[PDB]
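Engineer: Listed here are the chains, written in short residue letters.
Number of protein chains: 2
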Amino acid sequence: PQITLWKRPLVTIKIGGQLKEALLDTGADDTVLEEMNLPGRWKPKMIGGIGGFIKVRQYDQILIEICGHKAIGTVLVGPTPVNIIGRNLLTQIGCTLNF
Amino acid sequence: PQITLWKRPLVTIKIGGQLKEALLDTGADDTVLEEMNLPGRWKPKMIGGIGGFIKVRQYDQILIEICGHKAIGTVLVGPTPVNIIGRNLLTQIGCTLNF
Ligand SMILES: CC[C@@H](C)[C@H](NC(=O)OC)C(=O)N[C@@H](Cc1ccccc1)[C@@H](O)C[C@H](Cc1ccccc1)NC(=O)O[C@H]1CO[C@H]2OCC[C@H]21
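Chains as they are written, first to last, in PDB author numbering: chain A, 1 to 99; chain B, 1 to 99.
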């Protein structure tokens, strides 16, 4: 679809069999989700933002469905204030900015 | 134009007579620019992101040109690592996400 930006671009995602709400964020290199129990192995990682850096759990090759589009890639899990879908997954679903 | 998301979506902007590079960010409510001396009154504000909050100066009704498209709104100035164009100005140039 085409999504305007009057409101936050929030969409439903499905991950690890669970539904969640997440922000499509062209300003994020990576996808970061709030604390949650994801299956599989994970590695500690740090990611930085406008306020500073946080500690996260990096999960690899995780399946996510974003408004009916499937993506398989890296998902970071940690104390983020909002679930954000970053460019690593936005590119897999064919997302572009247009104006 | 159409902007892909393989790399950070950086574009040239013109503000206060100066040219700058900035990130088109659908995950940002507000526009935040790196420290610069803009004339006029301002109000203090705190903005949050991953990692915490930073203190910024809020300027009102500032004109910005974004790839030839003009927009007028609130611009925050402070110690951000990157110049960020947020939804308050992206809506004015008719920007959409498409997939
Ligand atoms: C000016 C921004 C604030 C106004 C705005 N918050 C807001 O609107 O709250 C109401 C805001 O922070 N939004 C971010 C998403 C977000 C996070 C928390 C709460 C709401 C929304 C995102 O859109 C922009 C940042 C910009 C950036 C890029 C590079 C280095 C430092 C900072 N990207 C980012 O943090 O990305 C992370 C995750 O992936 C990694 O790539 C880049 C860095 C890594």
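Be aware that a few hints might be false.
Identical chains blur together in the list; that is why a pair holds if it fits in one copy or across any two.
Said to hold, decoys possible - DMTMM-like, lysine to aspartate or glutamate: derived pairs with alpha carbons at most 25 Å apart: (1) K7 with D60; (2) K45 with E21; (3) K45 with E35; (4) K43 with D60.
Calculated from the structure, these hints are not laboratory results.
Engineer: 25 Å Cα cut-off: does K45 pair with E21 within a copy, between copies, both or neither?
Structural biologist: Within one copy only: 23 Å inside a chain, 28 Å across chains, cut-off 25 Å.
Engineer: Go through the copies and call it for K7 and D60: within, between, both or neither, with a Cα cutoff of 25 Å.
Structural biologist: between (31 Å within a copy, 20 Å between copies)
Engineer: Is it within a copy, between copies, both, or neither that the alpha carbon of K45 lies no farther than 25 Å from that of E35?
Structural biologist: within (14 Å within a copy, 28 Å between copies)
Engineer: Is it within, between, both or neither when you check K43 against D60 at 25 Å Cα-Cα?
Structural biologist: For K43 and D60, the Cα distance is within 25 Å only inside one copy (9 Å; across copies 43 Å).
Hint violations for this structure: none, all hints satisfied.
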